Every structure is written in C-alpha cells, then in structure tokens.
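K.L.:
For reference, the chains in residue letters:
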Amino acid sequence: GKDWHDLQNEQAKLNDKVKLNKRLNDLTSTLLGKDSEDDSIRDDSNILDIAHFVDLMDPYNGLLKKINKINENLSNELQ
Amino acid sequence: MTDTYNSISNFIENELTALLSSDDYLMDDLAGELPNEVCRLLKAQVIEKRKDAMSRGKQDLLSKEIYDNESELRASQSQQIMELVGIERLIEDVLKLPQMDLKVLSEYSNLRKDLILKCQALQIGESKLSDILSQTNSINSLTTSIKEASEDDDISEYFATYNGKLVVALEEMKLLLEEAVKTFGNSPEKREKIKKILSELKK
Amino acid sequence: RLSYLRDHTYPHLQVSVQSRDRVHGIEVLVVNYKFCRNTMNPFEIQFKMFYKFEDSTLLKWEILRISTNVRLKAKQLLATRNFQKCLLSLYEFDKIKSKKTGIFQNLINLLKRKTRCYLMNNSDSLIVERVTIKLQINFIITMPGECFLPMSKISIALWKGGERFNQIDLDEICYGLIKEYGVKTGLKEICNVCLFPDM
Amino acid sequence: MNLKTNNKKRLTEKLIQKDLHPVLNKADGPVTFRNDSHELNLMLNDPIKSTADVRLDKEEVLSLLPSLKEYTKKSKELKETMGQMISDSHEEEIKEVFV
Amino acid sequence: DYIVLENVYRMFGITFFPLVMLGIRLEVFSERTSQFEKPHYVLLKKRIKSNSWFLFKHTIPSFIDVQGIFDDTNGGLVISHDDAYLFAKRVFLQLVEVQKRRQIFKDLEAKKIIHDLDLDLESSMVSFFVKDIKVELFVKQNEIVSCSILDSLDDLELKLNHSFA
Amino acid sequence: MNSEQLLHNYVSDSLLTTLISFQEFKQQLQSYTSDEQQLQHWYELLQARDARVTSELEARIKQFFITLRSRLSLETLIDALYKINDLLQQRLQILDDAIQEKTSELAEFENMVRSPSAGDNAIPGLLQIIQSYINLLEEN
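Residue numbers (the deposited numbering), protein chains in the order written: chain U, 233 to 266, 277 to 321; chain Y, 1 to 86, 110 to 123, 136 to 238; chain P, 153 to 176, 179 to 285, 293 to 307, 314 to 366; chain Q, 277 to 303, 320 to 391; chain O, 162 to 181, 201 to 331, 351 to 364; chain Z, 1 to 72, 86 to 153.
In case anyone wonders, no lab produced these hints; they're calculated from the structure.
Calculated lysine-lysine pairs in the DSS-like style (CA-CA distance at most 25 Å, straight line):
1) Z/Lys115 - Q/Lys366
2) P/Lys254 - P/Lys355
3) Y/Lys237 - P/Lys254
4) Q/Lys350 - U/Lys251
5) Y/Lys237 - U/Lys308
6) Q/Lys365 - Z/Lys115
7) P/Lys266 - P/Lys327
8) Z/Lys115 - Y/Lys182
9) Z/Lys62 - U/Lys245
10) Y/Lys58 - Z/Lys62
11) Y/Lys238 - P/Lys254
If we strip away everything but chain U, and leave its shape as in the complex, we get:
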C-alpha cells in the first residue's frame, strides 16, 4: 500500500540525487579547473527586458510623471 509507494519514491529519488551529485561534482571540477548556452530553448532575458521596458516609459508612472511630480512640487514649494 502506502509503504510500497514510499519505497518506490525512495528508489526514484536516490538515483535522482546521485545524478544530481555527479552533476555538482562535474560543475565543481569545471569551475576549479576553469557547458554553454547558444540557442533558443528556454531563455529568461525576454520577460526581464520587457518588464524593464514598460516600467521605464510607463505613461502613468515612467520617468516623465516622476520628474513632473518632482519639479512641479518644487515649484509649488518655491512659489
């Protein structure tokens, strides 16, 4: 029942983490002694770039509204 399911999960996760440990050993050897990404399969720069793009020139927030809320407030405090 649940015991055999737990044993099956154990037998799966053992080979999972020993494969993981071999990958960490390989990367540690690579790092101390010295893998590349030159394709388009899963790259995360797109969403970061877009989220910066919209926040820089947001017509509600952006910079021009912030600079306006700075300088008109300074003019109100001065005049």
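Given chain U's structure and the hints, the job is docking chains Y, P, Q, O and Z onto it.
P.N.:
Only chains Y, P, Q, O and Z this time, still in chain U's reference frame:
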C-alpha cells in the same frame, strides 16, 4: 519461453565460471607481492568461508527468481501497452512505455525515439508559449495604457517625442532648482527641497 | 470585532470607504484600498460599485483611479470582469514582491563583505560578483494570462567571468537545490557553490 | 514496516555523499520546498521530462517547431532596437545622482 | 455603518473571525449568477500541550479534505498565520475549481443538451438522461477516468455533441 | 526493487571484505608471515580490485539484460503508434499556430515603438541638466 530461462541459467553458470577465474586472478595478482605459501593459505580460508557461499542451489534459485521477475515484468509491460492501444495522459503513458521479428522491432524503436522527441518538444513549446503570453499581456497593457491616457490614439509618436518632453522637464527642474538656490539660500529649505527631490526620484 | 478583521486577517492592507449613496433601488459605493507593505512606495486603488440593498449583487464595477505605481499592472488584471480574481490577485502580488525583496535583502546581508552584490532591475534581478565569477538570480512576478494568481518564476544564471553555461542543466540544478532545500537555503547553497573556496 | 527500517539505514549511509555544503542541511528541507512552492505560487524552472536513454536533441526540437527560430530573431530585433531607446533616458544616471 | 464594512470584508472570500480559537469563513463569488456561494465555516482550535492549531469543526464537503492538505504545508507547523492563509488559499483554489466544474454542469444543463440531472456532493456520479443512451462517467478533478457507455472535463462538450449527432 | 540489485546483493555479500575483515587475516597472518605493515597496503589493494570488479560486473549484467529484453497483438501496436504519431504532430501544430500570432504581434509592436530620431542629442541635454543639478545639490 523456457528457452529464455535456459539462457539465463547458462549465463549464470558462465558468470560463476567468471567468478572462479576472478578468484584465480586474485591468486596470481597476489603472487609476487605476497609469498605463494601465504597465497595458498588465504586460498584455504577462501575455500572454508567464501567458496561455499555460492551454493549450487542458491544460484539456481536466484536465476529462477530473476526469470519470474522478468516474466511478471513482461506481463505488466503487456498490460500497460494494451491499455495504450486505446493530453498529459498520452505523454505519461508514452514515457512509461519501455524500450525494446526484427523489422517491426527496429521500426518500433526508431519511431519510439522520434515520438519521445515530439513528447519532449510538447512541454518545450508549452513553456515557451506560457512565457510569450505574459510578454504579450504586458505589451497590450502598455498599449491600452498609452491609448486611453492621452486619449488621442497617436501612440506611435508618443515613443518618439518622449525624449523631448523628458529634456524639457529636466530643464524646467534645473531652472527651478537654480532659482531656489539663488533665492532661498536657507539650510532647512535646501534640505527639504533635496529630500522632496530624492524621495520620488527612485523610491 | 472591527480591529481584528481590520489588520490581522489582511496585514499591510489599508481599507477605508470614501462615500455611500442610495438611489430611489441601486446603491453606489466609492471606496479605496491600499496595500502598505512596501512603505517606501505603497500602492492604492479606487473602485465604484453597485448593490441592490437587498440580496446585495454587483451589477457593474468601475475603476475611478489607480495609484501611480500599479495603474498599468492592475489593468491587464482588471479585464477579467471578476473582482474575486482581481483583489485576491493583488494582495498575493504584494506579498510575493515583499518576499522577493526580503529574500534579496537577506542575500545582500550575507554577501556584502566578501563579494559585491547589487540589483540590476528594480527588485526583479540580483547580481553577485566575486573574485571574476558572476551569479544572477532572477525573480519574475508576471500577471496571470488573459489560473488567476500572480506568477512567480525563479531563475538563475551563472558566468565564470568569460562565458555563460547551459541554462537547462543549471535549471535542473536549481530544481534539485530548491527541491530538497527551499528558496532561501537553496540559493544560499547555490551562492556557496559560486564561492566554492572550501564548500 | 521492517523494510522501511531497513531503508532508514540506507538513508543514513546515503547522506554522506561527496559535498561539503549542499548535502549538509537536509538531515526540514523538502517539506520547506512544498511549503513555499504554494506560498510564493512557485513553479520554478521546470525540468524537461525524462530522457529515457535518448539524448535531448534540441536541434531536432528546433527543426520540428519552425516558429521559435522566428520568435527569437523578432525578440532580438526588439531588444537591439530599443535598448538604445533606454540608453537615451539616463534612468541609471538619475538614480545615481539622486539616491 | 458597519453593514457595508462586513460586505467589504466578505467580498474577499477569506475571512478570519476571532473566538474565545479561530474561524475561517470561505465564500466563492459566482460570475454567472452574480452571487456568493454558501459560507463554509472552519472552526480551528489551538492545542494547549503542543502549541499548534488543529481542526475542531469543519463545514467542508467530504470530497475536499481539510486535514491532509492541512499537514501538507510547513510539516504541520501551522503556528504562524501565514501558513493558515496558505491553507485558506489552497482550499480556496480547490473550491473555485470545483465550483467551476459545477458551473460547467449547470451551464450544460441550461443549454438543454441533456434532460434533468441528479447532482451529487462529490460531482462524480452525476446522472442525466440522453435521448437514447444513458452514460455514466467516473470523473476526477477536471478529468474523466471512465466513460461507461451503456444502453479534460470540458472536452466532454467537445465530443458529447459529436455523440449527439 | 528489481533483479539487477538482487545480483548486486548476491555479489556484494560474496565479496572478500564482507565477513573476512582486516583483523581476521591480520590475526591469521600474525606469525604466518613477516610483512605486518604491508597487510594494510594489501588491504587497500583489495579494496581497489574489489572496487573495479564491482564496476565491471554491471557492464555484462546490463548487456545481457538489454539483450534478453531486445529478444522479447505484436503488429497491432504499430498502427496505434502511427495513430499517436499523427495525433501529437497535429496537436503541436496548434501551439505553433498560436506562437505565430504572438510573434507577429510582437514584431508589429517593435516597429510600432521604434523611433529613429536624435536620441543622442537629447541625451547630451539630459546629461547637462543632470550635471547642473548635481552642481546645485553639491552647493545645497
């Protein structure tokens, strides 16, 4: 069916002969680096503890148990594949079908590989589309933002004249700051002006 | 009665009604809602909504004004024509952003001495440079597609100084480290691997 | 039950794997992951499904889907196009001169 | 005065009512009928000798568990109210997908494709009549696992009309 | 828990270090031989030999396993596998068609927001205004 178990039994006997030749390989490896009389003595302790460990009945019982496990593995394989004759359930049943009348077997293996490729590319494309959907959502939010902000529907030129509005706002800020510096000259007024300038600039 | 539901049920949320009015059968409500978690730049929202005063039913709901911070972010969200997916998806967004900036600040506090560490984006991406190894931890919160909850996407990117490695294998590495550790100790193990002078 | 106790010592002899830091904390580790996967709504960089002794041929995948080859070049065109539009804004200079 | 304040508190769908103890109140707003669902009350008790919350009374349906999921977060360490909010969010997601399934059934009934129905408490053995062949289906959460024809859950409407003509 | 690690248990308990420890043949070779310090050296030699036989045994075990499973209605599943192959490629065509619309949308947006204008000329004005503001703040 029983020929499979016969081949398992002959290979088990072959591996036992491999083990005894490996014991002889211990014997002639330890020769030279150890005295041969010491080698014969440790061979004697190997006989009186380790040689009887591979009993004749136990290896055959293990071979029979392995054959029964392989037969029930084949039965389970048949059960899943006959269930598979009849979206994520398809990819699941594909990744649990095993790997293997020579032409049918070769084409089964080849198209099995070519269909694991399709199953993998499925979640590859799914993750890519899940990213691009959020990208287009933010882009559409920005476009409707500038559309109903200016209420002029000329948003293509909005991204071209933003530099001019930016620099004239900076020039007005610079003129106001110069007027405040040359007019007020007070430490608390300058501190308050600097605090108000630096509050909403980044924070 | 009032005070407990005011604060402890929804911490760092400011609820306040602005105006009430009754017509003839429709009743109109004008209200503002402020999420004051990030007190440096909090964000609020204003709604106008309608009941019957018997079997209170939202006929129509409209946006009067949104604060300057989230007036773009809360527009793609607010096209679903369902408030329970529009105000249970903003508090979670605020809480997720708070946890993101807290995790990044705590990671600054554990690397500001030996290494250098800053934020490339506003709070989304964090860059740590050591020796000349570089690590970048991305924490993307993007709105639901148009489920309904805000979307958090943790990513890593490690350069040895000269070149970038593969993203899929490091993604599996991140999967394992977060899987048996979690978001904080897993990234701590990842930046320990970035150091790797002893451990 | 008995085999579970036989497997506990397998866990103990397993957990001394070759790593100084990244295996020395999971001796509430995965339950922390299941606790914060929902609290942050976290589904992270999801690993591609099991290879099953077939190498993950990304070349065959990009051959089978011809759309992504155009998507990546459209994205690169957008990035190279208006990163220069960012560079004409001096947001970093303003943030440096103010805070 | 206070009445509109409890309406504002109740539109969320997750509320915590103090007691002398706790009570989590859950309601799911329906987009179609423009009305809230039945209020689900979870009266939660704190252990004295263990310093951790545990379930005292529940008004949940038997299909939705409030104990297994309750110990699925933080290893049963539900002392912090953030973990209570996590449990509330998880059971709210389960409630809204179950309500979505029930609304799909009600919409297909209102479309008059089938005859009168008998909906159950678990939305698995919901029976209905078709013009010639009455089909019973064993269905999990948004997934049918058996279609017992004798004479994705939304994808049924993809194919049942195909079976209708 | 399948048969290959049953073979591994059957070979590991029949390995020499198991119930014949270092102390066992150390006591058995006390007065029998003179190389007492070399007993430890022969012992790590024993671990080395045991260590690479317990790696080369898997080669033959898995070779015979894949040979027997390779030699394992029959032709009925081929038509079903072509049915699945025709199903999934048409299924992925839907995602490809969905991606085409989004990438055309983003390509239209990128040329909609491009501004081939004098950004650098405004950049010098912004830099000059920032320098004047910095000078005023330093004087403040």
